[PDB]
Every structure is written in structure tokens, then in C-alpha cells.
Amino acid sequence: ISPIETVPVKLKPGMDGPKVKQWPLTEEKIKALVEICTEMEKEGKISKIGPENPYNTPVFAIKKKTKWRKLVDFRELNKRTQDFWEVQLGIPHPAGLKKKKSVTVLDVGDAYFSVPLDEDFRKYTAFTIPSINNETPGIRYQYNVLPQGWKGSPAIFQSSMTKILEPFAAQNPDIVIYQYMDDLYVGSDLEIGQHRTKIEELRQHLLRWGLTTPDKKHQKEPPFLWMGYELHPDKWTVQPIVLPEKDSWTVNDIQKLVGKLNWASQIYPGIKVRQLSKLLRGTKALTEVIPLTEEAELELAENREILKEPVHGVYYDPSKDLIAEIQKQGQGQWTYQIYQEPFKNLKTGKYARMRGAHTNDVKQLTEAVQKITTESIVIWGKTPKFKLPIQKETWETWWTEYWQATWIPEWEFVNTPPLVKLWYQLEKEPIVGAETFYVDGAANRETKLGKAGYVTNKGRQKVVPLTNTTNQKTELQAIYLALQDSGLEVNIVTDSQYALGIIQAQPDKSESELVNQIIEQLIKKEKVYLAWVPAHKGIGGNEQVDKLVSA
Amino acid sequence: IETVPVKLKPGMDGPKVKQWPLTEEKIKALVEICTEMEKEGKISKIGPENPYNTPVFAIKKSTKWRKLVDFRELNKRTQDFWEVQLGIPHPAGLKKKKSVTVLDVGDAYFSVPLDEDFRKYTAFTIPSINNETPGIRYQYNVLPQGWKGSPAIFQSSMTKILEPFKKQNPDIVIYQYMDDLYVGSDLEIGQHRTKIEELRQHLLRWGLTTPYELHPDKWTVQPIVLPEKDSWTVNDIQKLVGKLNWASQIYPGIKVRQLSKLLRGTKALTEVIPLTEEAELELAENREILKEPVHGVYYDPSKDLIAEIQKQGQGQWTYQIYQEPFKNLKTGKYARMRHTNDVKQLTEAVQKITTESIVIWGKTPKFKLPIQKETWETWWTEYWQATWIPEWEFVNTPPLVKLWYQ
Ligand SMILES: N#Cc1cc(Cl)cc(Oc2ccc(Cl)cc2OCCn2cc(Cl)c(=O)[nH]c2=O)c1
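As you go down the protein sequences, you meet chains Y and V in turn. All the letters of the first sequence, read from the start, carry residue numbers 601 to 665, 668 to 1153 under UniProt numbering. All the letters of the second sequence, read from the start, carry residue numbers 604 to 664, 667 to 816, 831 to 957, 960 to 1027 under UniProt numbering.
Bear in mind the hints are in silico, worked out from the structure with no lab data behind them. Even for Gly, the Cβ is constructed at its ideal location relative to N, Cα and C. There's no promise every hint is true.
Computed spacing ranges between beta-carbons, pair by pair [as the list claims (entries may be wrong)]: (1) V:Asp849 x Y:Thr895: 39 to 47 Å; (2) V:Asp720 x Y:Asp675: 36 to 44 Å; (3) V:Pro846 x Y:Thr1049: 39 to 47 Å; (4) V:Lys994 x Y:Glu1122: 29 to 37 Å; (5) V:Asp709 x Y:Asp791: 41 to 49 Å; (6) V:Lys994 x Y:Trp865: 23 to 31 Å; (7) Y:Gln773 x V:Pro769: 39 to 47 Å; (8) Y:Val634 x V:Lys648: 37 to 45 Å; (9) V:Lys994 x Y:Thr799: 46 to 54 Å.
With the hints as constraints, model all of the structure from the sequences given.
Given below as C-alpha cells:
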């Protein structure tokens, strides 16, 4: 008996409606509920019910410091209500919106109260206004419309709005309507007056279905404060960032901080958050005080300077190409912009994941491309052209020798250093006239003491003692020792599957300082060939250095 | 017609899987396909009271797009209905035949109606761009392709339609896995393709529309190969010693003593060591132990199949199928003679391995893919042609076992 058709709702199988008792309230708060309810009753939103209804749900009356508002705690009913199709978890990104001649923002008043609720489900919405000091029975009501705070209200409203919009959307194909919560965002490339006429039509079309909308004098005007953004007619930017200054930082303080910095990364180029993020590694409690690293202090200072200036993003033109450009900012940190025209950026972003203890630059550049690809698909529905500071010779060599399959987009080389390059390449065949080191390392797991040694074809032998290490860390330090005491060309032979795997991956940045030192040596060297042999199998050079390090 | 009652395993809820973002090209193609599928009554729009979801993809099997539904989750939650109950048994002879042709018979399912209670579980979503719209929500009214209960429900009709043809040809083996028929014969090639065309026309005259053959006789477990140099270096012997030591876990009896002896001392890797007569025999003897096949390796039907893939460079990709480590039911190599790229070759290799696995055991293996998760999730449909989808995970550790299987 409502124009809008209801969605059938069921409780989770085997559950009944909520039977929560109502807490007593003031005679003044009861006065607020009684008046609000008779208005809601007059409006058909709610109905008084007989005594046979066995369900209840608490109701409260609050006000802010001033007409009162009614509040219903549906927590128990929500637990017993079936699941619904998930409403929009994500929201549109301003850089994905297409530029429109005119844009109108309409909010729906009493949105949920304008949609009928399934008849068979209404019994479970019963609530009670308390009588003064239990002097009499309370007044039993139930809901006939979507209650605010009920589990199913957002999804059923959105679907009801969709169907209500379908007739108008047919008779007006050029008008574009976006839905979000109780809002409609309408855009046309028609004349401001013509567009203004169409808006007024949609308002009446919604009013005929019962949906209140604002008039031309009460409609919001640009700039729109929408979900932490500023939407101007020809520009978007984030709302102002306020990074606090503090003498001491809690874990929660840093999590707020990286969040705001992450938020600034979409339009502010060059934001970095790695050093600050490392502080939260193993962050036990939110109240735990974290001493700031010198690196985190510099990172935060660098962020403050970038934020001092103001930046804006532009809206999207489907007719112009989409181009993405990546720049390296520092060891492990990358930055990108996406643009259709040279200096008009649609959005910016960063990528700074190590994805492991050790990595190389070409691998990280490929990962940054992958992250942009996923992001472009989400926002614009396609992948962009890539302008990258790497040469085809560099990338081709890497992706050919790399043991993983990888997709290399179509990209052009842009000579704007720092250019991504391979700092070193291990030899693929052993070296003639280069000394052959047989390295080994050992560590007592209990005492945690160790040693790393080498034996060479030229007869050279050496053992260095190690204080606090592991079998793995010594196997790496043995390779470091051979690199330290070798000429510009060296053949190294290890029995360590661990150390071979780290080196064969050819990293150029690591979070282990020992590996960073091996990396520094590998660069200075002209030719390095690394060989592996099964340990404890009596191979000539491995047996000698094994016996040497074991003594 | 009469619907067959379908139930999920008791105490099991429907699928609630995330729909992947898609390019505008694939979205438009999905809206065209689904608009006409809706006109034909095969799917219907659903309301918010349906919370279930199954991902959908747009591929090409080709100027025309086609819809592919990833029913992997719904299949896991329906396994009582398509296995144990209404299970289709797997013939052990299909692998033995000399030619096998694969026939897409999936269009049959859209005649049969689906249990009205079970329809809510087939819900899928055509995604929007940039979350500008709520997705378009449908559920299936007929037996959907990709759901393992569809061939199980249709199994009776298929046996009936094939009963005359199997009568006329008693030595031809026909096996159905999901949306496809596998037809095997020991006949001559041109004679085999004639029988395939006969069966096709038989199917078409009974209303089952159908749109490169396999040869399982050639397949086998590859034997480990050892090099043959005219002059061996210290480094060459070391790698030869390491490869034989790795194989000592699978084949017992490989000896390295005479080979290790040639490396006694602290020699330069580049030094040229002559192959002594005693070591040449050990290398020669070990070349014969690798010729013989392993023993004790039996397929357990209760256990998952596992497929590992290594990139060997130059378009070559080795692979091993097993259930317990170092017990390889099948090994093999794939070769792309192509315009190609790494993702295209891996995608093609995965389909070859899965088809081989379907022929031999009647189920798809679980893949350990040497690729980054998000890269595979972005481009795997660009070359995906099969109507099924195997399970996969992403191996981030490199194979130092790359040159072993090389
Ligand atoms: N608040 C708010 C808000 C939220 C969303 Cl999700 C969209 C929105 O607006 C549009 C709505 C529909 C379309 Cl089709 C384009 C829009 O904008 C495109 C970009 N733009 C924005 C403004 Cl403000 C403008 O004056 N001119 C213009 O070209 C408004």
C-alpha cells in the first residue's frame, strides 16, 4: 500500500526477533519520544501494535547543545537479521570523474523513512516508550519504514533509489546520476538553465515517489567538501592536512600520521612514509611511546615542506590519452603521477614496498608499474601509457634472466635521471685467470659464536672470528671475506643454498647491512662468478675449507 | 521440465567472493552478453536480499567475447552434489588411447532449469567503473556453465544421447569433465576425425550444439638428462656432481665417488680436468639408472594434485605433477614457438598441464605459479581459453632447482 515495492527480509535461520527490555527514562525524555512518535505515527512511519507482539528493542532520546532526535539501538535485531548485498565499500575517486558543464548535488531528506519495510518483518521492530515510573504499560510501536541503524536499511534504500531512478533515467539519457548514501550527484553538459530545468523535474519525480530534495536556494554550491576532498568546477584536491607537532609520539599518533600522509600522497607528489612506518613494526599497544628515528624525523620534515605548497588535480577526459610516469625518490621509495596533458596531473601516488628483505630496482619498478595498472583499471577502466626512467636494454636483460614470469607494458624511455639500471651482473661462466676461493662459515647454535674462512687455489687461507651470528649469517660473511681479499676478478664457491639464493637474485638494496656490504663489494668487482656444491660430499675445495672452519 | 533438488553441504553457506575490477572493454562486453541472456530467461536480476557473489570474467575463445564465471568457491561448497552424489566416474583408458579430441558441449546446460532454491547461490555482479554505480546483479535460472553440478544434473540426458553412438563404436572412449567431452580412439588420424565429426553431427541432430587433438600415447615422465662435454672443467664436474646428488633422493644407486675423485685438491674452477676411465664409467652407469623409471609412485585419489612450473628461459617451461614431494606422477616440458610474452606462455602452459591432468586422473591439479599474485590476477584472462579454472597459489621463492629439471 506504498508505491515503493518492499524487499523481502528474513531472520538468520533458527533465530527469533529481539526481546531486549527498555531502560526507564526521565519524564522529560519520555515527553520528547511521545511527541516525535505521534508525528512519525501521523506520517505513517510507525504504527501502534497490540499486546500480542512479544519483541522489543530499546529507544533513547538525546539532544545536542535544539530539537530532540529519537535513537534506537538495533544491535540485537541486527545480529539476528540476514546478510545483505554489501553496499559500496569503495567510493569514486575524483580523478576518475569526467568533466561536466554543470554538476548538481542533491541530498535526500529522511531517506530511510521514505522507503517501506517488508510487512512480515515489521513485528521484529517493536519498541516501547516507558511510562512514568512504570505507573502504566508503555506504548507499543513498530516500524513501517526502514529504521535508522538497522542492518538492512542502507542496501534496501540504495536498491529502491535505483529502481525509482530508472524511469527518469530513460527519459533523460544525457543526464548522469551517481548514487552515494543519501546523495545524488547529477551532471550534465547541457545549458545551465536547461540542466536547472531537468534537476527540478527529477525533484518532482522523486517527490512523487516520496523523496524530499532541496530547492535551488538550498542546494549546495561548489566547492564541495566530499569525503575528505575539495571538488571545484575544474579542479580537485584533498582537504587541508594538519600534521601535528609533538614532543613524544604514541603508536596511535604515528598511525594517524601515516594515514594523513597516505591521504596526501594522491595529489601531493613526493610524500614518503617508509621510515615513519618502520616505527610501527611490531607495535604492541596504541599507547606505547615510540622514539622517533633520525630518519623518521627527516622524512616528516620533508613531508612538511611539500605540504606547505598547494596542489590540485584535474578531472578526466575520456578523449585524451592516459599517461603514467614513475620517479625513484630514494632507496626503496618510488613516486608517480598520472596525467593526460603535460602539467595537469589527474592524481599522484607512491610505492615503497620491499616485499622481502632484499630487492633490486628493476624488480621494484616493475612492481610500481603493476600497482599503477591495477589502480588505472579501477579508476578509469583502462591501463595507461608508461613513461619510465629505464632503458629497454636494462629491463630486457632483467626480465629475461628473472626466474618469474612478468608482464612488461608498452613503455617509452624518458632520460630524466636517476635512471633505473643494473648496478652489477654476476658472471654466467667461471672466470679464467681469476683466483678461486672456497668459502665456508659455521656457527654454534647454542654459544652463538662463529667463524668464516676461505681456501684458494693459489694457496691462500684465512679464518676470521665472529661474535654473535648464525650459520646463515656466517655463510654470507664467508662470501664477504672472499670478496674483501680478492682481486678485481674472483671465482667464489659456497655450499650454502641460503647464501647462493640471496646473491643469485642480484639485489642492490637490503635491510641486512652485511648484504649491503656484499653489494658494495659486488659493484667494485669487475667479474664475479658464484658456484655451488653439495656440502659434505668430498669435493676438493669445499672439503678443505670445511675442515679448516670446523677446527 | 523438472528441477533436480540441489543442496549445499549441511552447515555450509553460499559463496561471497569479491568481483574483480574490469576494463571498460570487458564490462561493456559483459553487459551485452547478460542483457541478451536476460532476454532469453537464462538469468534474472536480483535484489539486495541476495548476499552471495561469484566473480565473472570476459574472455575470448575471435571477434566475439564470452562470459566466464569462476565457480571455484561454489563448487567447493557443492561438492556433495557433484561428487559422491551424481558423481561422473573417470575412465582409466582415455590416457591409453592414441588420439583424444575435446568437445565443448557446455551449451546443453541452458535448456535445463535450475532448482529455484539453489538459484540465489549463483549470484554474480557486473562491476561498475570507479564505484560510480552499484554493480549489476544477476542470478542463474538455468544450469550454469562452470558449476560442477551442471554436468552432474545433465549426466542422464548425455548418457541417453550418446547411447546410440557408443553402440555403433564400442572401442571409442568418451569422458565428460564439466563443459567438455573427451573422445579417444586408436584409429588413424583422418579416420579418427571422421568419427569425431560423426559424433558431432549426432549431437547436433539431437539438439546439442558444439562449436587440434591431444595424443596421450606420447606423454610420459621425462628422464633426467646429463651433459656430454668434449672437455670438462672443474666447474662442469661440480655441477655434474651436484645434479647427481640431487637425483640421489629419487633414484637410489647413483654414485659420485669416481667423479668427486677428479676434483681432489683445491683446483681452479676454470681448470680443464680430463675424464678418467673410471669416472667415465660412473657417469655412463648413472646415465642408465636415469633411463629406468622410478618405482613406488602410485596415484592416491584422496589427495590433492600439485603442479610446479619453472621458467627455463627461451619460451621453455618445465613442470612436475605430484602429491607428495619427490614422487612425480608426471614431469614434462612446454615449448612456445612464437609475439609471445611470459604471461601468455605460463597461461598456455597451465592449460596444457590441467588438460593432461584431466585426461590422466580426472581432476585438476593445484598450481604453484612462478609469478607475482597481482600480475597474474590482472592478465590471466587475456590468454585464458578453457571453460574451467584450476586452483593456484604463487611461489615467491626462486627455484634453485631450475637447472636440475632443465
Ligand atoms: N559533492 C559531490 C560530488 C560527488 C561526486 Cl562522486 C560527483 C560530483 O560531481 C559529478 C557528478 C556526476 C558527474 Cl557525471 C560528474 C561530476 O563531476 C565531474 C567533475 N566536476 C565536479 C564539479 Cl564540483 C563541477 O562543478 N564540475 C565537474 O566537472 C560531485
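Okay, the hints, checked on the actual structure:
1. V:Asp849 x Y:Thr895: 39 to 47 Å: violated, 59 Å
2. V:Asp720 x Y:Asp675: 36 to 44 Å: 39 Å Cβ-Cβ, so the 36 to 44 Å window holds.
3. V:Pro846 x Y:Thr1049: 39 to 47 Å: holds, 44 Å
4. V:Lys994 x Y:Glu1122: 29 to 37 Å: holds, 32 Å
5. V:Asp709 x Y:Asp791: 41 to 49 Å: Between V:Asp709 and Y:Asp791, where Cβ atoms are some 46 Å apart, the hint holds.
6. V:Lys994 x Y:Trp865: 23 to 31 Å: holds, 26 Å
7. Y:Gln773 x V:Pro769: 39 to 47 Å: violated, 57 Å
8. Y:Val634 x V:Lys648: 37 to 45 Å: Once the Cβ atoms are compared, 43 Å apart, the range 37 to 45 Å for V:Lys648 and Y:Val634 holds.
9. V:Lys994 x Y:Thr799: 46 to 54 Å: Given about 51 Å between the Cβ atoms, the range holds.
Checked against the numbered hints above, the structure breaks hints 1, 7 and satisfies the rest.
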